[PDB]
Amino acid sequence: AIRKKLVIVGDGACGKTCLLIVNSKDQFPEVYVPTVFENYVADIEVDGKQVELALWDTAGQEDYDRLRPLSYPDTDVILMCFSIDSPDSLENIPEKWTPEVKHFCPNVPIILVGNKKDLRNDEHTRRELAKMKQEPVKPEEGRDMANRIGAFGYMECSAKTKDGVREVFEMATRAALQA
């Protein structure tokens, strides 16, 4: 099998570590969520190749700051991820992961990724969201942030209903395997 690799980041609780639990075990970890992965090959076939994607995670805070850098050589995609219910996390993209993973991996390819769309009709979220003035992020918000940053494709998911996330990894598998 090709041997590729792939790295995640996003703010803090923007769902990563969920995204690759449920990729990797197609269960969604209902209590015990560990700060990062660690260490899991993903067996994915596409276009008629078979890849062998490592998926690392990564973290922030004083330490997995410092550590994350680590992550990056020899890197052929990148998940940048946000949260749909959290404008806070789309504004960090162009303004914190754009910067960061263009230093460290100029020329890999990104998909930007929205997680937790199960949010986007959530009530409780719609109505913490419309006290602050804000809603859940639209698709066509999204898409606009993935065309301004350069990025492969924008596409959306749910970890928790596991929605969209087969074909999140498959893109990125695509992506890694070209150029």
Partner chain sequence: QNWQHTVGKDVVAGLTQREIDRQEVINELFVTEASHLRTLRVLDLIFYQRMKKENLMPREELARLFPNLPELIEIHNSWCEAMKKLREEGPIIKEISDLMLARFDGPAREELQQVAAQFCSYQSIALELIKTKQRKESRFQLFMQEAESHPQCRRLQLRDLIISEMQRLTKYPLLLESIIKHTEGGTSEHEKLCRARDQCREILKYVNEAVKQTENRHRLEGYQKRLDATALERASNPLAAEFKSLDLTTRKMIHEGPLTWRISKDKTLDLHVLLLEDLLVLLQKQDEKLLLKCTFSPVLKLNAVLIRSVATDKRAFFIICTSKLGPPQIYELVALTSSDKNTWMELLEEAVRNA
Given for the second form:
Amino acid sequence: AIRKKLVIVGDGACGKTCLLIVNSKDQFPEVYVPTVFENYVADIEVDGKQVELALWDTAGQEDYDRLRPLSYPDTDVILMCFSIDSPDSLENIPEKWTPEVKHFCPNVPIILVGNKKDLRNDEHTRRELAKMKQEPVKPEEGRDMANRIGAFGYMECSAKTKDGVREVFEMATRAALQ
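And the form solved in complex with its partner chain, for comparison with the form solved without its partner chain?
Keep in mind that what follows is only the chain, not its partners or any molecules around it.
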């Protein structure tokens, strides 16, 4: 069997854990959202190939520069998330996360995930950013950051609606195999 390892990195509170939770369960937590996702192996098929994808959350490790990298060795694909309702989280991609990930993960493919897309169109969210002279990240900003950092692909999704989640891991697995 083909064992690959995924590590999902990004700013705190920009989706990371929520995203991993739906995917593995194929359903958005109804009654109660969990805080803790545990290291877990997911079965995924792609291009008629069966993969065992080790899923690694990095939640909680965002402030601890020398704990974080204990998570990076032997990694086949990195999901870098920002949140679309947070143009700050995005500028942290080129400035905090890629330089890091390229240092500890030479030549490991990166897929740029734009999370909380279900919010590019939310009047409350749009106001608050309009408060700091900001507005929800547009798709070409994502697409452009993706070609800027040398990502394998750019994918937007919504943990809420489940829209684009499945499509995100499939890409990541395609990436691992390459």
